[PDB]
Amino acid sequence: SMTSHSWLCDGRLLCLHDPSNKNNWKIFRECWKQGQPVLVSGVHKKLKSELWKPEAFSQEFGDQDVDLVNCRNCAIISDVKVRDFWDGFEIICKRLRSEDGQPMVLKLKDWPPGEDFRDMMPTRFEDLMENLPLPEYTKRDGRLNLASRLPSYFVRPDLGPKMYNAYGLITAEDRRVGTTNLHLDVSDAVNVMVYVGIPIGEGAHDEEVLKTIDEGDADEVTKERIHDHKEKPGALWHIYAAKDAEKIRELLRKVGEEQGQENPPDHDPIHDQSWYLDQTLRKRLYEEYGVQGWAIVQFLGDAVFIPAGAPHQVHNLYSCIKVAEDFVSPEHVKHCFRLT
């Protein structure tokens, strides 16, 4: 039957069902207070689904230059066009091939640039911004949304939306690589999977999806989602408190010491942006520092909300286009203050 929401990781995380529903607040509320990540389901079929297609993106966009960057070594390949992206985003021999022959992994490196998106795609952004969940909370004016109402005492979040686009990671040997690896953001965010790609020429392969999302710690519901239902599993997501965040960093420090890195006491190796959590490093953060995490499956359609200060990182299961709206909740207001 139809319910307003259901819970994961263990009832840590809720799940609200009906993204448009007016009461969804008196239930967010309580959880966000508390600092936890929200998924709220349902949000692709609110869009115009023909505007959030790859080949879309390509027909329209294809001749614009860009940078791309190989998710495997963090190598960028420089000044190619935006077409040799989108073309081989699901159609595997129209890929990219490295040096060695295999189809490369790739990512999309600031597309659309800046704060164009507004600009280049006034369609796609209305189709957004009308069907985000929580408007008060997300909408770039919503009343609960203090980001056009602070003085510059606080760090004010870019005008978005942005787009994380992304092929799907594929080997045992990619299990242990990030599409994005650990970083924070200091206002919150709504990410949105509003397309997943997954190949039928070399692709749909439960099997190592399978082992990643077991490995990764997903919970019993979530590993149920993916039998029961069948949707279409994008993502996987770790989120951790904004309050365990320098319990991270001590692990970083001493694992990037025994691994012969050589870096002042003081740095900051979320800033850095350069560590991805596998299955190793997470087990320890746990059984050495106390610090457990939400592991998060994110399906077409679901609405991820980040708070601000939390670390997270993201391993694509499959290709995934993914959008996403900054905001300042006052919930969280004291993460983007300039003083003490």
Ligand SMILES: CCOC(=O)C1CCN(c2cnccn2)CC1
The other form holds:
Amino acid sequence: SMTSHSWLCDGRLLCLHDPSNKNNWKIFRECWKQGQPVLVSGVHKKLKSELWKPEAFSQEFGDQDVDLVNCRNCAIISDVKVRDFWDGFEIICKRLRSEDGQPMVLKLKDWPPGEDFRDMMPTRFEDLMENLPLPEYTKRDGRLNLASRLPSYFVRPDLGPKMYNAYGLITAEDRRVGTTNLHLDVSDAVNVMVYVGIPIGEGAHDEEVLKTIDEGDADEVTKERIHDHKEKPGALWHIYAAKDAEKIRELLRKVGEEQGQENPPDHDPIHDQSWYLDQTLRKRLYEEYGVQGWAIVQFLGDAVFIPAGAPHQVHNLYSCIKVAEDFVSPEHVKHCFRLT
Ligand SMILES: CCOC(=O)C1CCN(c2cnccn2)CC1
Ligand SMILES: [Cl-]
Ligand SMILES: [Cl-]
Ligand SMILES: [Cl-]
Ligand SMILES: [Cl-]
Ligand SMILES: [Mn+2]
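Mind giving me the form solved in complex with the ligand, seeing as the form solved without the ligand was just shown?
Next comes the full complex, this chain leading.
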């Protein structure tokens, strides 16, 4: 009747199979205490699938004004209607075009804005918050979430959740670009893939996706989820242990200098959110600094748990809708303390 869990990343990543199992914490807490990320599959089967479609967001919210980002060159597209984003999510012939006349790979910036998700989308808020895995950690009032219980000596997360909406990266050149560049968060996070859109028009794009996963260092069991079970892959993540953050900063200072950037010796390339670690940079991190990460493919309905302090980057394989909630576990509270 389905096994409790399996392993990815050759034994280094816990994958829980039943999102609402009351005994998940017993397997989870040992991996979490060691500063590892955790994957939980099957959250899509708990949700009302009609609430998470791109066509519904366009119909209900299409007249709101927003900014977009061109993922290929970081150009900002200012003050457009949110339908201009949603109507091109899966239909390539409807996307905003760059000067070269190609359809753009776009990210929708800060939408819903700030802490407004609950007010703007109360039925979505309920559906997500009631079906989050590890609820004693992840609910606003969970017994193991210290977010509402800490004094001002700790950086507290904003009221969530936050939605992350972007097209898939397409070409061989796109393999070196991030959807979200390398950064870290002082809080813990759970990120849920609630919808994956595989386009039509330039549909037949299956093969660059396989080369991206393979070159991305994905394990053999992860490759079997496509070929054997035909699940929809959304996004390729690289996550690094919080303890390796300074070694990553040293690599990126050296590369910034090799590329003729002019940066003070103390500047923080992870906080700048300006780098994506491509195959060349990931190999250099392993070979020159001794640092190994976790390469994670987030499929429809996968919840990725990212530990406080852990540097991480995201590369969309197809068009994705992700919803994330921040929390403060007792295992990782040291990462948000304002002294020493
Ligand atoms: C509704 C799921 O049905 C089952 O029979 C479960 C499947 C998942 N599992 C556990 C057990 N402990 C912790 C976490 N998961 C084993 C039994
Ligand atoms: Cl830690
Ligand atoms: Cl709603
Ligand atoms: Cl729990
Ligand atoms: Cl970014
Ligand atoms: Mn993050």
